[PDB]
Amino acid sequence: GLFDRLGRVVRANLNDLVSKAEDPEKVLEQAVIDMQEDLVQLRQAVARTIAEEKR
Amino acid sequence: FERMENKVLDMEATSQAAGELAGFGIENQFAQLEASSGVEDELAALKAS
Amino acid sequence: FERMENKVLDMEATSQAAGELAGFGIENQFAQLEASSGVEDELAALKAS
Amino acid sequence: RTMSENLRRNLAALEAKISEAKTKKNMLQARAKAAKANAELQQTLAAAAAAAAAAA
Amino acid sequence: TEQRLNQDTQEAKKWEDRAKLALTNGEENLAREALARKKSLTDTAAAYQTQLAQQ
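From first to last, the protein sequence lines stand for chains E, H, U, D and R.
Those letters in the first sequence? Residues 430 to 484, per our numbering, in order.
Those letters in the second sequence? Residues 66 to 114, per our numbering, in order.
Those letters in the third sequence? Residues 66 to 114, per our numbering, in order.
Those letters in the fourth sequence? Residues 0 to 55, per our numbering, in order.
Those letters in the fifth sequence? Residues 523 to 577, per our numbering, in order.
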């Protein structure tokens, strides 16, 4: 549709406008912080399912 | 009594699973190897003396 | 009681289907293969030593 | 108990790639400091050549 | 960068020694894990050598 095509244009400009706000030096270490605490959340949920196989 | 027994078995399993899963992971698992400290060469060089 | 049993069976099926479908996909499926890590050549070269 | 094996392997495959990511982060943050220092140097040499005091 | 190079060459020795220790204990699945840690260190050390000679 025409308004799909306009939507994908205006949406892509906004996504590029964000992408050049990303400083490689700051974001590259935050990405590793986020990925580490994701594992802390995951390990809690897994263990909570192990408790029930035991049970 | 029977209702209170199940509460105990829920606590026991919750503790054991969290402890078992933390028993995985490379550092904790390598720490169980005897020669894991990494001075066996200079130890051997000392034993040679 | 019977009305509440059906609610339980609806939850159980909703959880199992979403988990089963996420069990597909190449990465999760390859992660189940034993030699999937991709160092078996240098592992073999080390075993040769 | 066929699911917990799958999850228990997926949990170890994650931490393996965190360790790799963290080693690369150090090498990349080094290269980004070097490249930025050289950019300021090359900008300084251009402005000096643009003033051309030795031609005046 | 010359400091960083001297760490990652001696850190890779630690993981090579631990892999041999695992194989003498027959724990071949743990030996693979150590070898994966080593490879990522020997690949980044080669970047520091290239960077440093250019600098």
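Simulated from the structure, these hints should not be mistaken for lab results.
Incorrect hints may appear among the rest.
[Said to hold, decoys possible] Straight-line C-alpha distance at most 27 Å; calculated DSSO-like pairs for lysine-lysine:
(1) U:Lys112 - D:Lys16
(2) R:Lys536 - R:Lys561
(3) E:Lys483 - D:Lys35
Each hint tested on the structure:
Our distance criterion of 27 Å between C-alpha atoms is met by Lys112 of chain U and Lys16 of chain D, whose separation comes to about 24 Å. For the suggested pair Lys536 of chain R and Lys561 of chain R, the alpha carbons sit about 12 Å apart, so the restraint of at most 27 Å is met. Note on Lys483 of chain E and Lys35 of chain D: the hinted pairing is violated, with a Cα-Cα distance of about 56 Å set against a maximum of 27 Å.
Hint 3 alone, counting from the list given before, is not met by this structure.
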